[PDB]
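Fit chains B, C and D with the ligands to the supplied structure of chain A, relying on the hints for placement.
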Amino acid sequence: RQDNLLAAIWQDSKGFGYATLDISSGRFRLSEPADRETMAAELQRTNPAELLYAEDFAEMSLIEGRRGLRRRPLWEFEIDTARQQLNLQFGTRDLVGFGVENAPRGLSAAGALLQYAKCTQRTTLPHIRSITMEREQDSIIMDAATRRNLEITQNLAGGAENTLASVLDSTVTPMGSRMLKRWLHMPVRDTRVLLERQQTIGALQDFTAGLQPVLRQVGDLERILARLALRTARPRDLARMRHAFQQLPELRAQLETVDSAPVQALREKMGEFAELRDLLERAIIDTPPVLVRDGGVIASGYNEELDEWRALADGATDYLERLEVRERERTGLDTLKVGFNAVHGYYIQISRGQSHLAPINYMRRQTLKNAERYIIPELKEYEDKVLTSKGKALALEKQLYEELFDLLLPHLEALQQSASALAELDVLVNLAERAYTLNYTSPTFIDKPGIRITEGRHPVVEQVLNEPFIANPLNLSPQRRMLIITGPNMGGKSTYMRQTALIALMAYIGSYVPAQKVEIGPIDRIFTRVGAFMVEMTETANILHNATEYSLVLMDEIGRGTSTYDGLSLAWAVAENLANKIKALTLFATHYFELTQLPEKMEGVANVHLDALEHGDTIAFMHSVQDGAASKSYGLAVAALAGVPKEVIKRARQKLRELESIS
Amino acid sequence: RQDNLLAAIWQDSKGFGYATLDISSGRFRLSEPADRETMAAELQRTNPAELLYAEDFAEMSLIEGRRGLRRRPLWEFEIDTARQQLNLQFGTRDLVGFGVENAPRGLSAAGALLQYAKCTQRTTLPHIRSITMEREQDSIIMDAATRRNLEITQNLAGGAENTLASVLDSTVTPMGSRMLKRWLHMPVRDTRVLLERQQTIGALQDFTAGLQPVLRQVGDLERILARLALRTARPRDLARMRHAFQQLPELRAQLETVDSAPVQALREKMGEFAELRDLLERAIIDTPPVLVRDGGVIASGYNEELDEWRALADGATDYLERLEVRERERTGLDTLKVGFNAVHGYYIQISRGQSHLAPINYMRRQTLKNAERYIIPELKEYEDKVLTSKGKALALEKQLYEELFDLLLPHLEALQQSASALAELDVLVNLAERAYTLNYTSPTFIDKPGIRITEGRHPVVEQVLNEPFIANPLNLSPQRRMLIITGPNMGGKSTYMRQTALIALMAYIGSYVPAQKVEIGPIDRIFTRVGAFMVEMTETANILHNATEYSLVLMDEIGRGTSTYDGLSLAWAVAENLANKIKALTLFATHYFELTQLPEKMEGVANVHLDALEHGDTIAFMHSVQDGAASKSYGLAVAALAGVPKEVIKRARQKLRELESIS
Amino acid sequence: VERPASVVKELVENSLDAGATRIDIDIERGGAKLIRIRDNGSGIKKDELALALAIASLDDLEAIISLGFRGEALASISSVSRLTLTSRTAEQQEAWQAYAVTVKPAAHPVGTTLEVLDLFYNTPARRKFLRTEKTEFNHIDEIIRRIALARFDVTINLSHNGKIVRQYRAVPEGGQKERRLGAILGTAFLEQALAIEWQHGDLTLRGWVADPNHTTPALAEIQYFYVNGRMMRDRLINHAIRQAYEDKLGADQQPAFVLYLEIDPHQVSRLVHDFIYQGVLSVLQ
Amino acid sequence: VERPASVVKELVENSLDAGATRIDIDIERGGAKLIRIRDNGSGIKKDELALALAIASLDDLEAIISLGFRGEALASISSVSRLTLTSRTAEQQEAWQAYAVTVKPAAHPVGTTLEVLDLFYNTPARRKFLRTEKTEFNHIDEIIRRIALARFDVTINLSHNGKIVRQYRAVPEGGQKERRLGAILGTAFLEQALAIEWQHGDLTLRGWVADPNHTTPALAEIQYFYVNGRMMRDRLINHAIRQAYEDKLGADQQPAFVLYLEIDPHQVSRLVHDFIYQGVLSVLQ
Ligand SMILES: Nc1ncnc2c1ncn2[C@@H]1O[C@H](COP(=O)(O)OP(=O)(O)NP(=O)(O)O)[C@@H](O)[C@H]1O
Ligand SMILES: Nc1ncnc2c1ncn2[C@@H]1O[C@H](COP(=O)(O)OP(=O)(O)NP(=O)(O)O)[C@@H](O)[C@H]1O
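Protein sequence lines correspond, in order, to chains A, B, C and D.
Numbering-wise, the first sequence is residues 128 to 659, 670 to 800 according to the deposited numbering.
Numbering-wise, the second sequence is residues 128 to 659, 670 to 800 according to the deposited numbering.
Numbering-wise, the third sequence is residues 20 to 73, 80 to 125, 132 to 299, 315 to 331 according to the deposited numbering.
Numbering-wise, the fourth sequence is residues 20 to 73, 80 to 125, 132 to 299, 315 to 331 according to the deposited numbering.
Only chain A is shown next, with the shape it has when bound in the complex:
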């Protein structure tokens, strides 16, 4: 069992994109290996008997030892044609349903392999059906629909409200917020690292409060290091850094008592940097002005010369007072005052009546409406010594400041390490504190796919909601792999569904989770359909072609259709497909009742529904998941809750039982 395999590859100056093909079977995949060893490992793996390359390929070192090589022209690897070509092959108007739409580096390779295949085979090839992506970050990942829809870091309207962030992010520092938000975009699936995080997160719960405020002192050390590296760093940035360095002995002490070797490792990563603290302490005032431009930054006592040039301008005011007083009493003019002007320098002003009663030492620099100003050599002498000393003290200050960049940069990587460590600790501690604040539990990992939730809760909705969340369990497995969910509106369909999503993600950053007890097997891929028609359908197919035996599939109201039957038919299928062939762990939210016949029709499918207690003027939504199926029409009831006038509600129910009197 070693096959006849074909491949194509093209590169831009960014990285690589790759595609393959077997003429015996008709198999077609894509990828975008970013670096060299990955690209070499991908040719090694697939091992094409025949390999395509564009004339101008740069990293030839990969392919010149390989067999059955095929030099091709450039124009054949153009995305425009490539996309156009392959789209009419599969027949679609886009490659949305394939899950590769914006991966063009790979698509030139798929595009050139098809023009070659058209021309290698030159007959119809309908044993080539599709194309799918394998995924760079294989601690596997979550589509764009899920992301925009789950609002983990951004909501409906585009703010940060009702977010998983809004809850979890009570991180004290901005570098905590980012890394907290990043771990959400990229869940960790090396089992080892997940458990490292749980051990750390649990051991901190006794020290939640003691540590928190210490980190709020730091500020964004990370971004400060940036302007340091760029050499655009400003005084008050270096100031909050110093304040951060002063917390290091404190944190070193508090963490040494904590029982977790991963904590002891991160405690080292933090570091101390005693000498770096010392320099900043000796060089700079407590909190100087905003920029360095107009000085006032370096403290006296760091540099002798600094204080020297400062002593020239410090012989200023008393010099001019003695002048003002001597000259006032020598001339006999009391309106005589020695003042400064930005424009002209210093001067001696006398009021107009007394002005021509002044001595002949005085040289006119400035006539006024109400006075005459004069200059004298003693002042004009002294004018210089001040103005210049200022400049050169200022100049020394600029010099000393930018020299500090030279002094810190040799440890620049060691500081980034500490900055990364501290950012991560804020995240860990915040989470230790969110499990302390909101009572989350520590889960465990199992062998094969399955989720068990014991009285779990939607971690966002419960915090925003009037009443406490109606906690529900969930029990899924390879034996019980699908749940047909029917019921009333505001029944909690989409809620019971999307809540499930949050459980996984949370467990898979090593954090504790909103439930009594949670056990979980492998779940690689997390796909979603988000209500609204071109649009609706297209994404559905993606989830089909890519989702696996171990994935999580998230369906709500597919078949917002053009007719009675389309919707139903459509659905009927997709469900049977996920139970019959794919065998993934699925949750299927629907309104089209006939599907509830599927637990009997299929092995592995079982009925559930959010039961409603519908009574008189009002109606009750248990917000509880019940074994069985939905009753009936719940829309007519919900109608008024919008604000429907009864002109309509009664025309609705008057027609409803014209219709419901047939069935």
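Rather than coming from a laboratory, the hints here were simulated on the basis of the structure.
Heads up, some of the hints might be wrong.
Listed next, the in silico SDA-like pairs over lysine to any residue satisfying Cα-Cα at most 25 Å (straight line) [as the list claims (entries may be wrong)]:
id : chain 1 : residue 1 : chain 2 : residue 2
1  : D       : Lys-165   : A       : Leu-201
2  : A       : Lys-512   : A       : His-471
3  : A       : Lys-720   : B       : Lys-783
4  : D       : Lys-279   : D       : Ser-328
5  : A       : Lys-519   : B       : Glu-508
6  : A       : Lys-783   : B       : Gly-741
7  : C       : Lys-279   : C       : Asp-320
8  : A       : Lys-507   : B       : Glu-431
9  : B       : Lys-512   : A       : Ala-443
10 : A       : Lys-512   : B       : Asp-421
11 : B       : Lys-783   : A       : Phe-217
12 : B       : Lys-519   : A       : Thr-444
13 : C       : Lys-135   : B       : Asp-221
14 : B       : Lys-517   : A       : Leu-418
15 : A       : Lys-783   : B       : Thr-701
16 : D       : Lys-159   : A       : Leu-201
17 : D       : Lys-159   : A       : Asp-139
This is chains B, C and D with the ligands only, laid out in the frame that chain A set:
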């Protein structure tokens, strides 16, 4: 002939909010008069026999001459209770369906009038059914759903792509882009002003090209005037202003020939400002540095004193060259160069081999590794005259610059007027050019509600489409007031609908429109429902209670339901209601076919549908509106366009005719 | 029922009497605008809900007023307010609810919830009086703090204006009680806490006393005495303990303590006095 | 059919010959990637679409090859490319279409559209010789500019990369022709334009000539001569006009003109030469 009326009012320091009630009929409205005369006119109009006010009302002058006054406590006007109270009165969870949800200033007034009414009547009052907003700008009303949905200035993903703006905004200056985008947010409905704009827009089409580039020179004059007013304006901002002032004689000439008195009026508003040009021209260099801080801004020849202090530092380079040359000659050391240092001042450096071959005039200031630097008295005293003169020249420069703010500000309003005129002209010309570029037509206004389109086109989609749009007409009136639209997906339902919207808005800014000929009567309010359940319903009721005999109602796929009949029933009603009672100009996009029985059921309703031509195993979407109704299920067909595997499509069609074999 | 503090304290103890382990308490605006109590104590059946508040509706119904001594406290509150009771019984039922005058079902767990807008709704003055905003919470904050040390077995969450303020976890039976002691009285007290365990016959004295040697101005604010659960501030005990702080070290400064006494019914008798005294002094040495 | 400029010019004139008043011409990437021609000239029936490109399919069909002299130009392009014809006839019909693998109906107005992607599906070099593209558009820009002055009755929109570049409006018959003259030749020529109207028997000369007195380096770039529509390559007329610019003012610098001549044939015959000359000189004075 006359009434019995009740009212309530409360104010914050921002403005007023108002509410009313008649116990005979049970009528309940809201408003937020912003200023005093509007508030006085609103009490004058409604003329309550009984009027409520909170103890602490500030503008008492409105109410102390009025009859049947009732002093009330503060706490009764609190929004929290008010909202809570009124919500349980109507029974809803929110006031979304009333179209007043975010008008809290008015709602305190409505809130306090209900606690009083509970306590004035204490009797059954289900003759109080609803609450609705009248809108200050009788000129316009387009709801939030329409706005976020129509993507006139912003698309779904949050960019500016596929927008009406992306097309229309070929405005050359940023102040054009804004005002262009603003007129879209607020359509003008004084018929006079609309026709003024058409006359202007048509007369410019011969001068499209001639004017365009002249305005791109201006830049954002408007925002420059801002930092002028704030006194934060910078050199290069004043520079682009000057460049703008130089275009004024040019524009004055080009527009004098154009035939439109509204153009001749706007030509005056532009103005000239000859003296203001003169000052900037004489005071500033072509393009100075970024800020004023480090000088180099004011040109020589504006100020004698400026050039005086500049003459001291102007005796710099030649003084030091003659020194460098004389001393190089005199000593015989050619590596001798006279240089400057920020730290130590000027010096004379010689290379190490030649260093001890220098004369004894030289005083050591600075030893180096590979040279010796020296100072001499000639240099050290010349050092001063430069460094100080610079400062005081710099100081004069700062003074002169901020004084210019004093000189321009007496015309500040006249300049804003020109800035507004120019911003508006870019918009007008841009639109004159978009009608020139995209061949739009000039419409006319009629008496009573109705739209007639002759071969009209969706102005966005046709530009993003690689093809000309399938232009279609439209014929609506008070006699033909509703169109039931059924058909295939990608039929162009939502398209033929949303296109209608754009026509109105465009016509109602006085611009030409994408159609052969367009005539239109009054349309006040423009409401919309945007595919995706709690969500979908609530907004529906709003449109009900607010929409009028003259409005435009925009329905697409209401009744994405929980069951067979709910959706249908629901819709059935809404339609009948808008035809039977409200009598508005409506367009109803649906997928529930039984509704197509409504042309027979109602007066004023007529069937239309987007017809599709299915040939074997491909399908054609005519993109053309046909009299009659839809065929069938078009979803099974669209399925593959996603990319559906045939495991499923054939299970679909295998079940489809199990289902369709009953009906 | 004059302050919000008083309405809080009583309705907090209604749930305690119903055997409660979890109590959510939520407020907005010093108590003026919102007060929300949720409990896991046993519930109120659908018959008992209506007439506990509505007063000629009692006449016909045959003394079912019986089940509900909170019903006494509720009735007074309800006539002049905007009250909302909602509850599902421990007995398999659906949840039922009372407002403002509608009884209908809604949803809820095993227990009871009470939602309210500013109690007096037609009394012009008694509202106009209702003290500040800030201080009313600071009083409520103490109400919970008192009942908290009285019951280590009930989890209480206090929040203000949507935001969590105080989270007192119930200590497991036979558990680490130092957790809850630091949470209520700050960390400063916790680290100076010297426990006490004295016992003579029927009488039994348990608790903590801050070491006088390291008792500072911040710590001195903690003086609470409970007897079989109930705090009385009877001046007798004032002596017993200020005698004890004087007798270890002469400096008579303000002590820091929280003590628990368990005896058989005898409201206040000198027996109790010297019992207290001897317990504390041994502990300090 | 070597350059994109050539394929453009020919297929632009296919529609003119079909009596066209509106012509849309759209390009991307120097012509390499995209070329789109839409016309309002008469259309192509559903029978005539197939065999104009596909070549044994002509045999059985009874000389309907007749209607389609563009069909000659189309056939050569089609065998080695990615072509899309689509058209609805002025007569009895729905719109029909041909691609790349399919004939089916789609939609279109009265006329014809032609869409295309880069030719040579397996020829390595002949593509290498398509120019640096920038220049290819600058050539196409001239193609349209030439045919534009030849036909004042046809509205032409030239665009590049989706974006409008040039819009030549058709002047109403007996209308203001100064509007189109400024659009094609810039405003500089327009304002120096001195019209010409000369007439001897069968021969008739109409047009414009930039006043030599105010003819600058920018203006001298405009020299185009048409005879009953058609621009020829004849050195003769060079003399007639450089004789005319020399004879008004001696300074023999490069002129600016666009002239229209209407006769019965004298292909190059001296008759035509002095007729031209005398027309221009009178106009300059
Ligand atoms: N288990 C629960 N406990 C408490 N509240 C809940 C629960 N489930 C849902 N809710 C609330 O009920 C609201 C609506 O529920 P949702 O899941 O959106 O209904 P649905 O069945 O998807 N139908 P619709 O939303 O109308 O299409 C949400 O805003 C939740 O805040
Ligand atoms: N008159 C037209 N001419 C050309 N293209 C059109 C026209 N109308 C619609 N389209 C295109 O057809 C598609 C359908 O538009 P739309 O109105 O959203 O369809 P729909 O009937 O609402 N069903 P769906 O889009 O599946 O929900 C879009 O891709 C448009 O670009």
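Results of checking the hints against the structure:
1. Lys-165(D) to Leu-201(A): The given pair, whose Cα atoms are some 19 Å apart, holds under the 25 Å limit.
2. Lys-512(A) to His-471(A): holds (16 Å)
3. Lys-720(A) to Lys-783(B): holds (17 Å)
4. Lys-279(D) to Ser-328(D): Measuring from Cα to Cα gives roughly 9 Å; hence the hint holds.
5. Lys-519(A) to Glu-508(B): Holds, because 15 Å separates the two Cα atoms, which is no more than 25 Å.
6. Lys-783(A) to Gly-741(B): Holds: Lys-783(A) and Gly-741(B) sit about 23 Å apart, inside 25 Å.
7. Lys-279(C) to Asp-320(C): Given that 25 Å is the threshold and the Cα spacing comes to 15 Å, the pair holds.
8. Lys-507(A) to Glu-431(B): With Cα atoms ~22 Å apart, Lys-507(A) and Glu-431(B) stay inside 25 Å; holds.
9. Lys-512(B) to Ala-443(A): Answer holds: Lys-512(B) to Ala-443(A) is near 20 Å, not above 25 Å.
10. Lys-512(A) to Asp-421(B): holds (22 Å)
11. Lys-783(B) to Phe-217(A): Between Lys-783(B) and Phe-217(A) the Cα gap is close to 12 Å, so the pair holds against 25 Å.
12. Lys-519(B) to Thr-444(A): Answer holds: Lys-519(B) to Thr-444(A) is near 20 Å, not above 25 Å.
13. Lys-135(C) to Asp-221(B): holds (19 Å)
14. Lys-517(B) to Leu-418(A): holds (22 Å)
15. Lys-783(A) to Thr-701(B): holds (22 Å)
16. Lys-159(D) to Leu-201(A): holds (10 Å)
17. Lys-159(D) to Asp-139(A): Holds - the C-alpha atoms of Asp-139(A) and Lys-159(D) are around 20 Å apart, at most 25 Å.
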